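Could you build all of it, start to finish, from the sequences and the hints given here?
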Amino acid sequence: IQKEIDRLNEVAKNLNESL
Amino acid sequence: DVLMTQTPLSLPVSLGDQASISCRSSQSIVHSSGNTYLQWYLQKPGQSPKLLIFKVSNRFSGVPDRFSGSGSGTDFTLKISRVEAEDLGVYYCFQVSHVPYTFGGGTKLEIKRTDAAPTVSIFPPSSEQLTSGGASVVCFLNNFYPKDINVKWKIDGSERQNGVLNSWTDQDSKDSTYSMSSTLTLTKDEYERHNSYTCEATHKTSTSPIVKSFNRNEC
Amino acid sequence: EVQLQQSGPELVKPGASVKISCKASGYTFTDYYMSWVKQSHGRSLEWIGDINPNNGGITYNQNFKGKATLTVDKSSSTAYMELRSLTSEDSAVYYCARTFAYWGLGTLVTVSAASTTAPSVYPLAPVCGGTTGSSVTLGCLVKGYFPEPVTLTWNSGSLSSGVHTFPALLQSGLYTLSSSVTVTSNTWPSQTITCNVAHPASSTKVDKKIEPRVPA
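The listed protein sequences correspond, in order, to chains C, B and A.
Numbered according to the deposited numbering, the first sequence spans residues 1179 to 1197.
Numbered according to the deposited numbering, the second sequence spans residues 1 to 219.
Numbered according to the deposited numbering, the third sequence spans residues 1 to 216.
It is possible that part of the hints are untrue.
[To be verified] Output of the computed footprint for chain C on chain B, the stretches with three or more beta carbons under 8 Å from beta carbons of chain C:
| hint | region |
| --- | --- |
| 1 | 8 to 20 |
| 2 | 25 to 38 |
| 3 | 43 to 53 |
| 4 | 193 to 204 |
The hints are simulated quantities; they were obtained by calculation from the structure and are not laboratory data.
Positions of the beta carbon are idealized from the N, C-alpha and C atoms, including for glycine.
Written out as structure tokens, the structure is:
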């Protein structure tokens, strides 16, 4: 799972904008 | 297991102010890869946690830049450079470096405002409930601040504790107060055997307890 | 987009078992672990375990061994949790999550011996008599229902300013909630004020007018 967390900012910066 | 200790439990702030939240691990949380997998979440009421920061300081996706995470060793910190209304809720840290992964107990971000005295109302059992064998006496303590309040029930001058249920609202979005409902439940038979019923509250806005009472025989 | 769709709310008897599901879409199910997290009392979070969908290998939280069993079905991109020998302590929201970054909406599990139970709804008019100020407060008591939720409105929702509806609490395996409303004293009793309660699970629907207490 740690290797997955390493790659979290592969996603576009369009999530969780309303936090 | 790694204990994650979050402070403060609750953090009252003004909108537009900076805020910081602390997370202490009981031991080092460095994974065997050398990285530290400390995440921060915001959870809003009735909603799922939302990831803000991962691996101590990396901002996730489109999370606003006013959020940032930092720290090292056993000190970790989440900062909000300018608190906005959509940021209100509970913040959690979470370590995924050592199994079992563990969460902090959360820090609730709330609005600070001036003190406000509770408006207290007491309600005898409804005549309809009496026909059923139970009797609930309800006391509302509405629109007060801060949230700390102590409520006591008296029956004919004697404290009654068994059968009391207390429920609090979340902070009001319009005036930032809290409210609470206190219910004393007894059997109809017991209720009819006593005369005076008193809801007593202590709050920081008054040096005396706020008393509201009625007599079952007054009408 | 990444989406985790979890099964609906579960009402389970003490000592029974329940199986919860999480369907993944928007990414390749077998390229990522799936994790499960418990949340009780709307606060404390606890990690339950991770499953590798590719080979079915699991990393459990030691404290949930025997309580929770994790499985997957690759052909439907679904992860499963089965909770065994349920007790009150297992009443919680159970989340599935991918990389602890994409979370499902959660599945509420409530453990209770109660059957579906309609509420008794009681209007709370002020103490008989007395003096009135510039405002007056009325109440409504919704006692002994199961499961959650009830819906409660005042004058069919028209009356919303000055309302406080309090979170339901448990009492004898059953829920109870209450609600107060504060209006100008020129408004009541001259105008009608009614609390409207609905309990879908029992098809119960009750409107109670708040009427002044009379002596005789």
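Do the hints match the structure? See the list:
{"no.": "1", "hint": "8 to 20", "result": "violated (count 0)"}
{"no.": "2", "hint": "25 to 38", "result": "holds (count 4)"}
{"no.": "3", "hint": "43 to 53", "result": "holds (count 3)"}
{"no.": "4", "hint": "193 to 204", "result": "violated (count 0)"}
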